[PDB]
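The data below hold one chain only, encoded as structure tokens and taken in the form deposited without this ligand.
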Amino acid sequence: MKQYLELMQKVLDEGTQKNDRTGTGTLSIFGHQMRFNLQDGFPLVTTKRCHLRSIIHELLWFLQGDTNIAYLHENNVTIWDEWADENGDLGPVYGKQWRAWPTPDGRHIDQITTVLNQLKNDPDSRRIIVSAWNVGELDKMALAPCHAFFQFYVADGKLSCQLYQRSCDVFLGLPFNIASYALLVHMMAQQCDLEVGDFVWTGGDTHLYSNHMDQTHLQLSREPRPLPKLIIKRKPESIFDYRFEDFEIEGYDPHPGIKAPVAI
């Protein structure tokens, strides 16, 4: 899609050479913002075919407060294997912070139920936020949260959401992360009887890996295709009741998928 393709070209055009953790060099820009009107269609990159099944499974896993790989495995979703230990444990990552933020005095905060309450009881609030950046549990996580902070906003019966992404692999990570949060806004909106608004993406260190140049140039050649339409075939009793089958993406005609390897 247009905004995505503009970002890629920008990193090429003005990114500085910056190496990552003992490895691959990257082209980096810092601070960037994109806006997707979810009313214009589901923001799934069309200039390269992307598979939604791992995204859906991972989101539903975040919502259950699950921090172990078991559920993803039952569904043959393997995107977190890289980080899990021999027990399939990832540490207090996303799921754990969203559903059970540990307090100094022994409580566990359900940030997403809190948010749902605010969206229904105080829609004009400027504090409808969920954070996965728990400073006290950072050392125990398999990896610090990439998408660390997100805020919801209601205006004219429309639910918007802004995500702060501290680090971003534009080619491999971003397409996957935009869809994941877009999908979450739709679920949130359906649950609160609100129309979908905007999904604003805000990133910090936004980069392209040096060994992805051929692929980015290949993708930059393609012309974006019309955005698909996301359809929820059911209306669960709560946000923790969604099933993989509930979602259907209609009208998705993408260019062929592109593969990008990684150093180790």
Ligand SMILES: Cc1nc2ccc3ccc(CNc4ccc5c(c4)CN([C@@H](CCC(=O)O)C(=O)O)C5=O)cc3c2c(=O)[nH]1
Given for the second form:
2 protein chains.
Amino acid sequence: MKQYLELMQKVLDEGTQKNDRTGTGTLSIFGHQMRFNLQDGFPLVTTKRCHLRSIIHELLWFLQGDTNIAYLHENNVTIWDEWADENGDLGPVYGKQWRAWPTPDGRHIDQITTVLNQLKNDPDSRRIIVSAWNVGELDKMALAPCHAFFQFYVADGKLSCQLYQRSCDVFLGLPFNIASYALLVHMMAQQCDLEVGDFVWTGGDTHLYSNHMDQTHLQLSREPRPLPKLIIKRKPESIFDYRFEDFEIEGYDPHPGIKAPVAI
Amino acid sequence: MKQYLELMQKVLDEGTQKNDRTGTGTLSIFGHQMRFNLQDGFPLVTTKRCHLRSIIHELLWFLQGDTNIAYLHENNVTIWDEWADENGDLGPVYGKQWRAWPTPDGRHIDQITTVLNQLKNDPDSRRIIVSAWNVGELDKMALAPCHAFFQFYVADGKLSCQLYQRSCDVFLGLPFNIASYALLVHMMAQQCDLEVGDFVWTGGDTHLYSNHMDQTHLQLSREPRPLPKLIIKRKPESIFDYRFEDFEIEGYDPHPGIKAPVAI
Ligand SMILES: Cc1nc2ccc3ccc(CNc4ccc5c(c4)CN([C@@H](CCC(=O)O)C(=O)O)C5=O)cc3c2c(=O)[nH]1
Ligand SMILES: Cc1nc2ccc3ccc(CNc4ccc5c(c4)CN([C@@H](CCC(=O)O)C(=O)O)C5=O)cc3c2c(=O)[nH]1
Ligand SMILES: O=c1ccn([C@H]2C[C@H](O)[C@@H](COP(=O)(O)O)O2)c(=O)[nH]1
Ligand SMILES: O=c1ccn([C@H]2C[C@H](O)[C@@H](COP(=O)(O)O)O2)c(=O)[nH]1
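Return the form solved in complex with this ligand of this protein as a structure block, the form deposited without this ligand having already been given.
Every chain and every other molecule in the complex is listed next, the one we just looked at coming first.
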């Protein structure tokens, strides 16, 4: 997609060479933002075949407030298998924080339920936020949240979302991250009888791994195509009741997938 | 400053009229990003007069881990007064979250010190973050954090910082929140023997209150002056160690002050 290709080029032209955690090396930029009007179709990359199924199960895994990669296993998403313990556990990652942030004093705060309620009774709120950055528990997580904090906003019957992403693998992670969030807006929008607005993406350390150069270049030379369109075949009784079968994508005609090694 | 003036123009040109909790009414946009290279000069607005002292004292207060207004009083900072109880307390607002975030297992994390250790020992880390967004204590706060989460980055021996501000009163608040963060950056870089990099501001609901329209067009009619210079006259043994007297601003010649009412 234009915005995506443009950020990829910007990493190449201006990125600084950094030595990372995995000792792989990256080209890196700090601070970037991109806007997606959901009115113009689903931001699913067309410059590489992307698979909506991986995207969809991860999201629903989150809404369930799950942190065990089993569910993801029985659906063939394996990205997280390298991070779980022998029990298949990841610690209190995304899902746990989203559905049950533990108060210092015993309780759990359901951030999705709060946000649904705000969206329904106080759309003007400037405090409609979800945070996965639980300082108190970062030590227990297999990996610290990448997609750390997001905020919803309503203006003229449209639901907008901004995500703050502290760390981003432009080639591999970015395309999933974008689609996942785009998808949540749509689900939230339907449960709240609102129309879709903008999906705003802001990143922290935005990088291309030193061994994605060849893949990048190739991608950079493909022509973005018209964005597909999302279809929700039924209005579940709640945000927690979606199923993989409920979603469909029209007009998806991408460029073949491109293979690249994950830096672990 | 060019950047702040362009943001105002933008809210005027693209903002939507929104109701708000204070009942005043606003013009708002959602999602904005701007960058200040700290090397160009200290980002104190020149198109209306600012007072560096009040910004200094509010920051020293945050850094102390203080949440009571007494200190602010002793130094003629009264903005926080409306929010404070009978005892002068605000609840576990910024300062408290910064220096002693309460964990569920009876620990308190000091995020300022953690970020200093990371800058000294692992400046390439993609997780040098400070968050004031404590979900479990929000209900104890006099006001939920506006400037909520910030991340540091080092590149070419330079310190950068990205702030995520969920809610922004562009006319009144912003000038204070830009100078505040820029002084933090200078303080951290001095402690860490780094040079200052960029201060990147990112906003959530970025607004102009209805009752600031005239002040806002008057300000806009002014030509920005050249940015002042910050001089630190000492190198304290720690970040918790600065005094108001350590700082000097040079070359500040602002246009006249403009008063506007705060929406409560
Ligand atoms: C360096 C690095 N590390 C990571 C660690 C954990 C992650 C977890 C989720 C995602 C982004 N979300 C998904 C969600 C689903 C899939 C993938 C990513 C990639 N992937 C492959 C399989 C994963 C693999 O390449 O082995 C696929 O089946 O489509 C997925 O199913 C990225 C990372 C990264 C990432 O992007 N980069
Ligand atoms: C609607 C709204 N509400 C707020 C509530 C609390 C705030 C706390 C701090 C700041 C921003 N940081 C500072 C830091 C110092 C001062 C002030 C703000 C404004 N202020 C006036 C004095 C106002 C007063 O002290 O009564 C000055 O310019 O000196 C200060 O001393 C803004 C708000 C807002 C804000 O900007 N807008
Ligand atoms: O959902 C995700 C998860 C991870 N990453 C990336 C960012 C970095 O490449 C890496 C995480 O490493 P640290 O930033 O924690 O070092 O994985 C993503 O892009 N998206
Ligand atoms: O440092 C600060 C503190 C507050 N505000 C503003 C943003 C909003 O106008 C208001 C807070 O209201 P809510 O967004 O919490 O409703 O104060 C700032 O700009 N800067």
